[PDB]
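**Student:** Letter by letter, the chains look like this.
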Amino acid sequence: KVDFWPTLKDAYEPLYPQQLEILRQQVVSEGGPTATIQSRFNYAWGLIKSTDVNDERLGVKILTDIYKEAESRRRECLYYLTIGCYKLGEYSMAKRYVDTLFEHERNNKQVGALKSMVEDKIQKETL
Amino acid sequence: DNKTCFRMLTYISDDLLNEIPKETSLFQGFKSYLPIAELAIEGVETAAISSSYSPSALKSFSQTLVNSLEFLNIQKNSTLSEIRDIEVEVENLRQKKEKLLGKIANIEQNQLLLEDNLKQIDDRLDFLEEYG
Numbered sequence: 003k004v005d006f007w008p009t010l011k012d013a014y015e016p017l018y019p020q021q022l023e024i025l026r027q028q029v030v031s032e033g034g035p036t037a038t039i040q041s042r043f044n045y046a047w048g049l050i051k052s053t054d055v056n057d058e059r060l061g062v063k064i065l066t067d068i069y070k071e072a073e074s075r076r077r078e079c080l081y082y083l084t085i086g087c088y089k090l091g092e093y094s095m096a097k098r099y100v101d102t103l104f105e106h107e108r109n110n111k112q113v114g115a116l117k118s119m120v121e122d123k124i125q126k127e128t129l
Numbered sequence: 094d095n096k097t098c099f100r101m102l103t104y105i106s107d108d109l110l111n112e113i114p144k145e146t147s148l149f150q151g152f153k154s155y156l157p158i159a160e161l162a163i164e211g212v213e214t215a216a217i218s219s220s221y222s223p224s225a226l227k228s229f230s231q232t233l234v235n236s237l238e239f240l241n242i243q244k245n246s247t248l249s250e251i252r253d254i255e256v257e258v259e260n261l262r263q264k265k266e267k268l269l270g271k272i273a274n275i276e277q278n279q280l281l282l283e284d285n286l287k288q289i290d291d292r293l294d295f296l297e298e299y300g
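Protein chains in written order, with PDB author numbering: chain A, 3 to 129; chain B, 94 to 114, 144 to 164, 211 to 300.
Source of the hints: derived by calculation from the structure; they are not laboratory data. Please note that the accuracy of each hint is not assured.
Claimed, not checked - Calculated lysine-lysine pairs in the BS3-like style (CA-CA distance at most 27 Å, straight line):
hint : chain 1 : residue 1 : chain 2 : residue 2
1    : A       : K97       : A       : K111
2    : A       : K3        : A       : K126
3    : A       : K117      : A       : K97
4    : B       : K96       : A       : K123
5    : B       : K144      : A       : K3
6    : A       : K11       : B       : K265
7    : A       : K63       : B       : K153
8    : B       : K153      : B       : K96
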């Protein structure tokens, strides 16, 4: 019975390389750069969900491409990008994004959770 | 710096300031989708020995169908979303067209002035060549 918004912990457990590959194979077939937003994301997610820095970097890149392309999906993307940047440790960027996401849906419990959790890492590396 | 190159590709600015104001989520899409992706052991499920007689595995099969049925519905409106996304692109683009087509008229008449405004000085050139 899984949510509209993925938990940050969710973003931390990877996929079995089999599963990550499946997602790719699927994006391959939809046609890399012509593939559906969904299947392209769902691969990006898996990438960010992975624990290889390079995989993640694609994950963000994938997501930022999605963000560029689908105005509807932009609102959502800021959130994954925010996860993505945090996971990747480009924290400021994540504050940037999450702050944007924050205006649109301010009251969202997770948007809050994420903003808040992005911020700690901001101060704690200001120590 | 290699960490800075990548900061550079994936940068985005005016966009952030124009994010458009039940909705099935991108993430939800991803969730319902990975189970069904593990059909990879064998979006159409199995159907053959549908006729044989357990009450319980008959239902555990009914499950597979209904959680596939939820996935198709999920996959359906995600596609259906993509439709509206490119439907708005057609609008934004189509109006970018006539705005720009308005500019031909803008400079079609503004060229019409100079061609006429030229004409008068083509003309008083004849008139002054009614004299040395």
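**Student:** Confirm or reject each hint.
**Tutor:** To see whether the hints hold, each was checked on the structure:
{"no.": "1", "hint": "A:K97 x A:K111", "verdict": "holds, 16 Å"}
{"no.": "2", "hint": "A:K3 x A:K126", "verdict": "violated, 35 Å"}
{"no.": "3", "hint": "A:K117 x A:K97", "verdict": "holds, 7 Å"}
{"no.": "4", "hint": "B:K96 x A:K123", "verdict": "holds, 18 Å"}
{"no.": "5", "hint": "B:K144 x A:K3", "verdict": "holds, 16 Å"}
{"no.": "6", "hint": "A:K11 x B:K265", "verdict": "violated, 46 Å"}
{"no.": "7", "hint": "A:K63 x B:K153", "verdict": "holds, 21 Å"}
{"no.": "8", "hint": "B:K153 x B:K96", "verdict": "violated, 31 Å"}
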